[PDB]
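Novice: Work the whole structure out from these sequences, hints included.
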Amino acid sequence: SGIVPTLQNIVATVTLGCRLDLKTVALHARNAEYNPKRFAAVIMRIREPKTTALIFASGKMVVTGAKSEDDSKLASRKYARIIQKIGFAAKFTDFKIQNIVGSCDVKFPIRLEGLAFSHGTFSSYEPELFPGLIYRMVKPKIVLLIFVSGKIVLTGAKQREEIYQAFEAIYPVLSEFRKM
Amino acid sequence: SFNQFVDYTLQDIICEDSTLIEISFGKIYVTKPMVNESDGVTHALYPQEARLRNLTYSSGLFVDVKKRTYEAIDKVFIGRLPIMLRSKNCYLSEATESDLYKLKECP
Amino acid sequence: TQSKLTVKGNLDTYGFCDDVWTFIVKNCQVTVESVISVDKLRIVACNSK
Amino acid sequence: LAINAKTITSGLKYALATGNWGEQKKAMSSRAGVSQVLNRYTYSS
Amino acid sequence: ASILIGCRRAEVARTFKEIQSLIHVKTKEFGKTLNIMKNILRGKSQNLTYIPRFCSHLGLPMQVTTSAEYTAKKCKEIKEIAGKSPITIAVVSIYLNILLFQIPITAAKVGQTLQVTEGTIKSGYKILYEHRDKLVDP
Amino acid sequence: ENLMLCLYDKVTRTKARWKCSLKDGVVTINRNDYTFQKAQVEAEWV
DNA sequence: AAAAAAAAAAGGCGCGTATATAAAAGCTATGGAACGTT
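Protein chains in written order, with the entry's author numbering: chain A, 61 to 240; chain B, 50 to 70, 89 to 141, 164 to 196; chain C, 56 to 88, 104 to 119; chain D, 446 to 490; chain E, 174 to 218, 234 to 326; chain F, 241 to 286.
A portion of the hints provided could be inaccurate.
To be verified - Cut-off 30 Å, straight-line C-alpha distance, at most; resulting in silico cross-link-like pairs (DSS-like, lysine-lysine): (1) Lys-199(A) x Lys-205(E); (2) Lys-211(A) x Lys-201(E); (3) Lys-83(A) x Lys-255(F); (4) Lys-164(B) x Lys-451(D); (5) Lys-259(F) x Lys-110(A); (6) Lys-255(F) x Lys-138(A); (7) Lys-199(E) x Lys-255(F); (8) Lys-201(E) x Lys-255(F); (9) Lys-297(E) x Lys-239(A); (10) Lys-297(E) x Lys-211(A); (11) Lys-81(C) x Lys-259(F); (12) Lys-211(A) x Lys-262(E); (13) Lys-97(A) x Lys-119(C); (14) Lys-272(E) x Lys-127(A); (15) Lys-239(A) x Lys-310(E); (16) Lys-156(A) x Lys-255(F).
The set of hints was computed from the structure by calculation and includes no laboratory data.
Specialist: Structure, rendered in structure tokens:
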């Protein structure tokens, strides 16, 4: 065991607590994107940290695309200021971790069919559909996306250890349903 | 009688009140006897094997449909037919003696 | 005309508003058919539909 | 697409196996007595 | 979900795609539903079977099928990209056997018959030719 | 003045890379004038 | 003989498949209503 499921992404929503002018942000801001016919969301991205700001008409701004919690936070604080840089009285309010997407590798194929027959209470392999396996640990509430290549993808989390602590309790089962 | 049926009457039952408000029914096709082995192969089925394993000496039926969409007005499996032994469609219908023996089937 | 132009660089400012996409690709080359490297190529284009 | 072959298949089979000439829903109203079991007691029989 | 449950329990090999060709399920909500249903039934309380079905669908003899059987049996112990959705591995083992033989069922017919990739077969065949060492019974 | 006056029809991005298709425009580049029939632009936002 | 053109595809990523979160903004459908309608 002892494999850290590296967070492949971290999501975070921050509310500006205001109401911008969506056309105004499109014309004035530089790293901004917003299309009415598709979805009324401002597509704002900053090069450092490289995340995306899912800014809606109601000031709900989502920070996605970082790999760590604070990068998804640091980008947000930059995100709010650049909105303030437009000329609005935006405010960095209501920051929260939304989701932590993460994957790992075990370097050995796993008997997911073995995982499914004994741990079918917990396993789900769809070789015809999904080359991984969905192993949802209740405590912590983490889903282990368990691939035949060994890719154990973990997400549905806002706690960094929750991804980590769940794996430490699941590797022996993969060694149970391993080949070599 | 059976040959007559399976050669003419079968068809002319179809080429009857067939077309449906449009769907057409065409040539009807009859296979030699086979079995759809449960979760597995389909293959020929000699009478002997049928008798021993309680199968049914039957053949599948296939008929050709033309779906027809109305357009401004103004092939297909179906069922499975049991086969009379030594009917024109049975494996034995023409076999000779030595084969019959090899099929474990009394001449 | 028949010339084919190819531009590739770094985008620092993209802006969309009422089917008006504005791109500013920094240090991008313009490949005529003679490739012209443009450090600052103002791109203003609308919907063609 | 979605043609119930089992209809014809099972219908024919059941009818033969019991001899109630009629419909599988026809229990007694179906004419019966056809399709016996080929007495093989003695070749001439 | 319950149909695949019944087939697996009674040892019947059935493709999600076959089941979906029976029923419009959108296959993704189907995946989630089968997952939850399997978990429910596990609370309420082996991939070789697919070979002969396709052997029949392609019209292949029984010695060919048992050659494929032994090939698939060694497939589990021949990681080295062994399975990763082993339906591809089954179909490539079938392709190995037919190429070992002289059967005019060239990849086009098998692919269009089994709704499989014409390329994943050769992707497997790449490692299969190296793996050829551990596949000769007689 | 290095201004591309065209019409975009296709821009596809995969998390780090642009793929912009521009059609039937006029580009003036540094004392030069150029008009294309197709333009395929692939920028890179850091 | 030799130039130039006309046109199939190969291979690569299309995105797309599923898998899993996490976010409410056009649209859907569910859910609620009781009063117009004979």
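Novice: Each hint should be assessed against the structure and marked as holding or not.
Specialist: Structure-based check of all given hints:
1. Simply put, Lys-199(A) and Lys-205(E) have alpha-carbon atoms about 21 Å apart, close enough for the 30 Å limit, and the pair holds.
2. With a C-alpha separation of about 20 Å, the suggested pair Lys-211(A) and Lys-201(E) falls inside the 30 Å cut-off, and the hint holds.
3. With a CA separation close to 24 Å, the supplied pair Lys-83(A) and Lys-255(F) stays within the 30 Å bound.
4. Proximity of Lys-164(B) to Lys-451(D) is assessed by CA-CA distance (about 17 Å); at most 30 Å being required, the pair is judged to hold.
5. The hinted pair formed by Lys-259(F) and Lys-110(A) meets the criterion: a straight-line CA distance of about 19 Å does not exceed 30 Å.
6. Pair hint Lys-255(F) plus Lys-138(A) holds up; C-alpha atoms about 20 Å apart against a cutoff of 30 Å.
7. Among the hinted pairs, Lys-199(E) with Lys-255(F) is consistent with the structure: their alpha-carbon atoms are about 27 Å apart, no more than 30 Å.
8. Distance check on the hinted pair: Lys-201(E) and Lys-255(F) sit about 25 Å apart at the alpha-carbon level, within 30 Å; holds.
9. Using a Cα cut-off of 30 Å, the hinted pair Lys-297(E) and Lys-239(A) is violated, with the two alpha carbons roughly 33 Å apart.
10. Between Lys-297(E) and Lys-211(A) the alpha-carbon distance is near 34 Å, which puts this suggested pair outside the 30 Å criterion.
11. Restraint check: the Cα-Cα separation between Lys-81(C) and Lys-259(F) comes to about 15 Å, which is no more than 30 Å; the hinted pair holds.
12. Note on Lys-211(A) and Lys-262(E): the hinted pairing holds, with a Cα-Cα distance of about 23 Å set against a maximum of 30 Å.
13. Distance check on the hinted pair: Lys-97(A) and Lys-119(C) sit about 14 Å apart at the alpha-carbon level, within 30 Å; holds.
14. Distance check on the hinted pair: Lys-272(E) and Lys-127(A) sit about 27 Å apart at the alpha-carbon level, within 30 Å; holds.
15. Of the supplied pair hints, the one linking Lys-239(A) and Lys-310(E) holds, its CA atoms being roughly 24 Å apart against a limit of 30 Å.
16. For the suggested pair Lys-156(A) and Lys-255(F), the alpha carbons sit about 23 Å apart, so the restraint of at most 30 Å is met.
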